[PDB]
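Here's a slice of the assembly, chains where they normally sit.
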Amino acid sequence: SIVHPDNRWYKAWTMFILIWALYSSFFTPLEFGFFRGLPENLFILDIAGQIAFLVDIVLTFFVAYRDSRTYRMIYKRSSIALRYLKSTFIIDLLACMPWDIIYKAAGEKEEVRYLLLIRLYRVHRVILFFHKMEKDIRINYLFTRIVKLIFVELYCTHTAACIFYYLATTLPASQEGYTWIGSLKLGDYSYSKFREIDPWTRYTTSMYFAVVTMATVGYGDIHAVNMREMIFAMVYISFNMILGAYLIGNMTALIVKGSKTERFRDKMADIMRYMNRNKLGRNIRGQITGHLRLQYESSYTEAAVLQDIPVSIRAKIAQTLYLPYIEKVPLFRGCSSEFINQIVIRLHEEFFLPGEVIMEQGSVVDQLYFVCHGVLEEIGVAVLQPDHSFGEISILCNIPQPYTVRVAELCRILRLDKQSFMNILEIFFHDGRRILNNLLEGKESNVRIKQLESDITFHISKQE
Amino acid sequence: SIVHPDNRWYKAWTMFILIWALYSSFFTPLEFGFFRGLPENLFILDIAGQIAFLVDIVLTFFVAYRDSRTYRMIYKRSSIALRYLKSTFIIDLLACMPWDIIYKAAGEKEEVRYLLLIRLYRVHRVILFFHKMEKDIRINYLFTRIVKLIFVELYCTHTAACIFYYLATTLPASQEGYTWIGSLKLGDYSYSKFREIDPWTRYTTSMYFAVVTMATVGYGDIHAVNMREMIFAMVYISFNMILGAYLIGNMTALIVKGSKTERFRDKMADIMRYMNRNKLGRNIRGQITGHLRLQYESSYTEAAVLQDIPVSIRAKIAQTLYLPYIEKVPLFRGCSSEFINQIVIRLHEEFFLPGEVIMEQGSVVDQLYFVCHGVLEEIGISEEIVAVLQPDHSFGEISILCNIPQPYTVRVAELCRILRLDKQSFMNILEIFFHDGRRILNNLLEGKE
Amino acid sequence: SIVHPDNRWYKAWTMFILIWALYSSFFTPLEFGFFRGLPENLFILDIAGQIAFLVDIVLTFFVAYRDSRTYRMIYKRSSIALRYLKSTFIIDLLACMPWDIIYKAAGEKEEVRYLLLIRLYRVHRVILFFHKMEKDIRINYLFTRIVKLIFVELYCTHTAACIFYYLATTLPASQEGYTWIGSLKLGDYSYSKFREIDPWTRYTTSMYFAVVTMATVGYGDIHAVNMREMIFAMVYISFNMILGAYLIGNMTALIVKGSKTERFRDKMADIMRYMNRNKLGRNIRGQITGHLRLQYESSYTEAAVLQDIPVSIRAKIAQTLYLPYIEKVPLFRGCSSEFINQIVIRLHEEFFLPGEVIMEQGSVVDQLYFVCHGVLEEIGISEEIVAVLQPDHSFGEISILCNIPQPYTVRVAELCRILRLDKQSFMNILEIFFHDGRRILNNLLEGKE
């Protein structure tokens, strides 16, 4: 009866065990502290949680585990237990035994309740969820990080408050003077008989010490008074420093890493340092600024995405997006299926902004271009509406293109090198003659369209 | 009456809200704390402050808003409010209700004043301005950020001290002992009856707690002495723990990206490693470091960062810069604009320190130069200064055009900003414009008779 | 007898110095502090410790040293010592002199013991090991650094507490009041006669001061009460101020460069921005995110970082990886090694999730694939599984060679690591080896009868 880890019912169960793991993270320290055994009522609540994890450790041999390296989903029930018995099985079993009851049976000895600290490991269940919720891309990174540190602190000071109160209670009532709380004289309130004041006061005071110690404030109203309380202040203060450096380090890691907007900062302020050097006249300055800025972000992110991912998906997504207009674009009309599908998968997007000047006179256009969307204005001569193409003039005639390319609005341009263009023809020479024969048809307007026919036969010599 | 956000009157109006939000973001904590109701005097200020934001929410339906995703300005008088009614609406409206008045009439209940804590949001107006001041770079970035960090703190330690002094006043007069301020014994000054001490030194003492706790100093004169001051102190300390990391995260974000001595040190790090590897001459080191000093002293450390702008607009920049210098040169006297324009596109920018030898007598020269600013001396080897190159002069023309080695060792006497043109750049333009090339030869003959 | 540093005996010998430097870097502060001379028992340990380093400086002339600049190992028995005599020499030699013995004989002068503070250098041995442990990465970097930042700060407070307790003992017994430890009133425990209290709780109390000052907590139970403890406390606090920044500078250096969830979030940041911009289909999002989940769950996020290694050695890597899989494929039965070797060079690595459709029936295929690990099912459309592709199988051969569309829709039932070969890559090798191409056609005919 193996069950998939992604099964909704088992996913709900893990969330159910999370709440029963969030309870025992913030209630096990209370059992190590103020409570020397569950009086009457917490028994049913503790045993319910224990059998909840006892059935959970039972319901782990049928849970389909999957190795990260192999990335193989394993249905083998017997092979599931190989990882569990070595990873967390030993720790988990010691966290399910009703150690409080066996504490009550072994003469109420205090040695056994020290081993109850293994139940503190259950907090790792909710930390794993924070890792998973970090893995989930839905929510903001700042929100989960701040919440994670708010939690990895709330828990640390809470477990350092229920233990510090224990270190005061490990001495008898007679020697309560040599404790951090028995000698407390906060204002006119004297914590004389701490063992019998209201439980809420002796905990909030304990949490006060942990929080004013974690943040390295240290008022000194509450402080270690004994060697055992000093030794714990040794570990806790040193540990908080490492966590404090980690929290500080993580916070500035997020700020430094969050440089997409700091890339904006870079561009703008480097132009700004150049201009603190020169106070350049701002008209052309800001115009070219806008242009470069937007074109850059566009092309850069385009490369980034089109670069990763297996080729088949890039082939398919390009077909979904580039193929429609390429099928019946003026420069590429009457082609075949494999011919259009070959070019698209290796088309490079080079978007150009409204008003951007792409090329000018005397430029050898070695990269074929196609207008996916928007109107183009070749004010060198030609107006290219959406679903148009250009740039062939310098590919086959080899004379540099005398067409100053100017964008009217939102000219989406696909770049295809002239080396890539001639590579397409040779692979499918049959369709290469068809597109050239279609190219020899009515589109004979001017030097880039009429003289096109004379240099179209140049590839005819190549393919014949 | 839709009003554009760029309107000078409306923009100055938001400053009027800003100056009154600054007053109301540092008076709301005081009203929640030291004051159990404003008695007589600043009541006029309270009413005017409550209507200042009330007349703002009224006119928020007159403003024109822009959608960032579409980047299109919207003047619609019906689609404006959908963003407003689902972003703040209630928090702005409830911040205008005179909570002082309703408290003073509804049995002076203490719980009513707690709703006045939502007026602390009005600091969001002055943090939006800092965001706007961040967007328009203008001022130095190390200045605005430090001012921003010295504000989220100055506002916190001002609202965490007025709130903390409120906690002490929650207890009755007879229970002054169980308070953070009633049990102070600072030196010979005892805060026995704190409520009868002047509010001035009460706020300073209360703020003394806030800043020695904020900066994690924590002297220990003032600490929580209750269960309410205890719980709040943990909350305020925890809040500063994540806010304090933010402040030093931003400060180190500026130093990391700061264009300062950090980056030039790397420039000499690899080059000095190479000349020892390349075992070049000692005189070579003096020149390159001199140029590097010529390039690091003035921090002339941008050229490929400026070339980030495409050539399809860097020409526009070159024609804005280098075209006016080229036109008045006697060599190009009468040259066509397109011929001159193409020359400017291919020009380059370099500096030369005075005392250096740009070219040697009898040497082959493959570069063209034009004087923009500064004086050069054409010295012919004794060494005699054959000619003086004032700004707007051309030198090196003989070697490129006439394939004749330079007979004058021109030396820099004062630093000059000199443009540069290459040989094959010059030939290509010459072939296109044969008429311009012939006129240049005539100009050179007439200019050096 | 020159000994190579890589010798197992000598390397284990330096650990013997390391374990005895660890003992002597946490006992020198104790000897400078609590002990005014080691009375009887650990005298044997003191003498052995002083000769342990003395036999080390003796044998430092037997070791073989390497010069990093030349990267050439030197066995010379005369040029070895020039580095030694000008780097440490004196500090190592003076660390071996039995300062305990000379103190006990020269009128038990207090000033003599101050020269024993130079034995604190012996912690440099155990910080060099951490540097060496840093060089050989091996263990997780977040582990070694934290252990390092738990050593410069477990040596500094241990030596700033034993030194601080020494300052209290400088004053006479009658002047216990003007001390940091003589005037303690921790609870009902009064440190009246601190010298008569057990050294155990004296060190713990003294270390209690060191760590609440190190971590900038500063409770205020223990503070400087003198002019000597006052001056030292400012020195120790200032030293931690620049050392504390170093510790959090290193910790944030690891998180910045940590290859963790920080970087994948950017990968979905731009792509998710594009499909909405490209208005692609919803089914497209499920696939790409699935592959991205296939690539982020396993953190298979390196391919261009692996392509950083030149192709002139990435082939060597490919032949180490992909050559053994290619050889036993029935299609290449009897193919020459060079023909097989060239195929491996052009191979590529991809993953496919089970349940996906790699190719569709009747579709044009331009890619070649070979099974390395995992099982694939050749399903022909009802849907019938025509064939089962065990590891070491070839599929898609028909479409590329015979220009015939695939008649089977092969679907992934279990995740497979499949190599990839392109068409024009296949044609180019085929033309070079015509004999191999003919045999492949014979193998394909014989393999699919």
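Here the chain labels run A, B and C in written order, and each chain numbers its own residues starting at 1.
Convention: a contact is a pair of C-beta atoms (placed from the backbone, for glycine too) under 8 Å apart; a residue touches a chain by one contact, two chains touch by 3 or more.
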Where 3 copies are displayed, count of copies in the complete assembly: 4
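Just so we're on the same page, only the chains that are shown with their structure count from here on.
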Chain at maximum distance from subunit A, centres defined as averaged CA atoms: B
Inter-chain centre distance, subunit A versus subunit B - centres from mean C-alpha coordinates, in Å: 29
Subunit B: positions in contact with at least two other chains: 216-220
Of subunit A, residues touching subunit B in the complex: 146, 149-150, 153, 157, 186-189, 200-201, 204-205, 207-208, 211-212, 214-221, 244, 247-248, 250-252, 254-256, 262, 265-270, 272-274, 277, 281, 284, 287-288, 291-292, 295-296, 356-360
Residues of subunit B that touch subunit C when the two form their complex: 216-220
For the subunit A and subunit C complex, residues of the former touching the latter: 68-73, 131, 134-135, 137, 141, 177-180, 182-183, 213, 216-220, 223-227, 230-231, 233-234, 237-238, 240-242, 244-246, 248-250, 252-254, 256-257, 260, 301-302, 304-305, 307-313, 316-317, 320-321, 337-338, 341, 427
